[PDB]
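Structure first, then comments.
Missing here is one protein chain; the remaining ones are kept as they sit in the complex.
Labels A, B and C are assigned to the chains in the order they are written; within every chain, residues are numbered from 1.
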C-alpha cells in the first residue's frame, strides 16, 4: 500500500503510468498507452486499500482512464482492477475492461477485457 | 455526458451511488452496496468522456470503489466500466471487476466479474 | 440440471440455442446469433453439472460456439459460462467471452465480454 505504489510503472505492452497514492486511499496520475487510439498522457484517478492485511496478501486497487485528452477522443474508458504485490520484484497484476460508447444496437460488443502486469522496471 | 450523469442512481441489487460529473471528465461521489462485506458509504472516483459523440452513442465512463471506510475493510476494490445512455429512461450499463487482495497462491481466484444496470428510479 | 435444460432458449438479443443435455453432463446443440458476423446455425458443445446441489442453487454450465459454418467464418469463438435456474420462470444467466483470432500485435484487443440471459419464452 501507500508508499510502495507511488511511482512510474510499465506494463508488457510498453504503456507507462505514473501515480501518487495518497494517505487515504486515493490514486491520481497519468497514463500513456503504447497501443490503441491514444496519444500522449491521459488523466487517471482511482482508489486503493490504504490498510491492507498484514499477512502476505496483495493490496487491492483500481483506476480509470477516460481516453480523451487534448489530442484525441476515443469515446471509451478503461478501468483496471488488480492488486499490488511488493517486495524485491514489485508488480501490480490487473484485469481491465475497456468500454466504448456505442448505439444501443451495438452495445453487446462495447466491452473488451484483458490483463496487464506492471513492473517498476520495463 | 456531464449534466445528465450527476445525481443518485440505483442498480438492480439495491445499491445507491451518488456522483457529481465535473466539467473536465471527473466523477466523484459515494457508493453504498446493498450486498457483500460492506456497510454505509464508500468513496468513489472515476472519469467519463466529457465530449461524447453527437450521434446516438452512449457516454463511456468508469469508476472505482476501494471497500474500506470507517466501519469495515474488505481488502478489495471494484471498478465499474460502462456507458451512460440518456433520454426518457436514462441508465448506465456496466460490467465490473471486484478484486480481493490475496496471497500469490490464491491470486488465480482473486477476481469476480458481474454486470450492474443503474437507473435514476429504483 | 438434465431434463430441465434440454430445449430451445432465447436470449435478449433474439438469438436461439437448442440443446440436449445428456445424462453424464454433456451439452450438444446449435446456436443461431441474431447479431454479429454470423448467419444460420453453428454447432455448440459444452458441459453442465449433472448432480447439482439439492438446495436452491443454480446448475453451473458452459458451452462454446466457433463461428464457422458453411456460410461464414468469423474466425472467432464465444464461450458462455453461467447457471441454469429452474422453476416457473426458468432462465440461464451467463457471462461470455468472444475471442477473435488476431496477430500478436492486436492480441490485447482480441476479447469481448458481455452477458446474456436465456428464457424458454422469447
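Note that a contact is a pair of C-beta atoms (placed from the backbone, for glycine too) under 8 Å apart; a residue touches a chain by one contact, two chains touch by 3 or more.
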Which displayed chains the hidden chain touches across the whole complex: A, B, C
Contact with the hidden chain (one of C:13, C:18 or C:85): C:85
Residues of subunit A (touch criterion as defined above) contacting the omitted chain: 95, 113-115
Missing-partner contacts on subunit B, residue numbers: 13, 35-36, 97-98, 105, 108-109, 111-114
Positions on subunit C contacted by the hidden chain, ascending: 25-26, 43-53, 55-68, 73, 75-83, 85, 93-104, 107, 110-111, 113
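Here, only the chains that are shown with their structure count from here on.
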Euclidean distance of C-alpha centroids - subunit A vs subunit B, Å: 16
Between subunit C and subunit B, distance of the C-alpha-averaged centres to the nearest whole Å: 28
Approximate Å spacing (C-alpha centroids) for the pair subunit A, subunit C: 31
In subunit B, residues with contacts to at least two other chains: 95, 113
